[PDB]
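One structure follows; several queries about it will come next.
Every protein chain of the complex appears in place save one, which is left out.
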Amino acid sequence: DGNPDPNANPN
Amino acid sequence: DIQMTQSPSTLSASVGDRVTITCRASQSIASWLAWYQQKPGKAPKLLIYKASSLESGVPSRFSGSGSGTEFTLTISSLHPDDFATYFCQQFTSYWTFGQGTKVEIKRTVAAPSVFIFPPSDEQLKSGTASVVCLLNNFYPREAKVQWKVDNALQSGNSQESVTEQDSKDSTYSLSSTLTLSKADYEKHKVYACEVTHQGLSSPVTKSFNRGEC
Partner (left out) sequence: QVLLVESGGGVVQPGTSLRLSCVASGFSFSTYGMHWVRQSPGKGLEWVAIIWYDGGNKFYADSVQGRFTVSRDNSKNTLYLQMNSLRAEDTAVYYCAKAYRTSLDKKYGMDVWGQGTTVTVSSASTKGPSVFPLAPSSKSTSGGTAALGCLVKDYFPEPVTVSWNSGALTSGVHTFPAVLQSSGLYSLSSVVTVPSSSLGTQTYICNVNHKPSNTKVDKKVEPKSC
């Protein structure tokens, strides 16, 4: 959800 | 932020051969690796995602394996549509790619046909002189085209251009252009290019004297 990782879900 | 290194950088093989391309990571990326195929003039196409999963429509001959720091891509039977440049990408810490691995078609050795062209008078009237040495329809691509002006090896005054591998016969062609000012061109007499190649039993030299051509 609110994971600030750039490789997280961008959709 | 993770460096990706590939090996080999160029791989030569024949149709029906098994080839394996290795992709190494500076730190562990688990299985967050993807494999791309790019044919010249086209965009990269994703073949394998998350190290081992073939994407839809990719032939089953392609396979991926590995985890952590080292990964492999394996084509069991190379088809004429599989010869291309292959990149690997990690996607756990931003997105970084490998240098690339070009798959080249191995064929029977073909010796180059060497020609030389002296400068045109129209170009000389513009103050410059370009001498062009042409190697036509040879394999392999590895060749040495040395320019010798008055029996002196020349350095830093020539540019080369190789063609892509030919569709019909899988050969290469090369053009080395030696550009000098008209003032310096008229200082010397004999201009020559010597070609060293695996198909040639001995080095071949094509030359012309200034004034006699």
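Labels for the chains are A and B, by order of writing; each one numbers its residues from 1.
Everything below uses one rule, namely that a residue touches a chain if its C-beta (ideal position, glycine included) is under 8 Å from a C-beta of that chain, and two chains touch if they have at least 3 such contacts.
Within the whole complex, the absent chain has one touching residue among B:89, B:165 or B:170, and that is B:89. Contact with the undisplayed chain is limited, among B:27, B:65 or B:123, to B:123.
Shown as candidates are B:108, B:151, B:161 or B:202; the residue that touches the absent chain is B:161.
Among B:10, B:14, B:28 or B:113, only B:113 touches the chain left out of the display.
As for the chain not pictured, it touches subunit A at residues 3, 5-11. By the touch definition given at the top, subunit B reaches the unshown chain through residues 32, 34, 42-46, 49-50, 55, 87, 89, 91-92, 94-100, 113-120, 122-123, 126, 130, 132, 134, 136, 159-164, 173, 175, 177, 206-208, 212-213.
Keep this in mind: only the chains that are shown with their structure count from here on.
Between the CA-based centres of subunit A and subunit B the separation comes to 39 Å, rounded to the whole angstrom. Those residues of subunit A whose C-beta lies close enough to touch subunit B in the complex are 6-7. Considering their complex, residues 32, 91-95 of subunit B touch subunit A.
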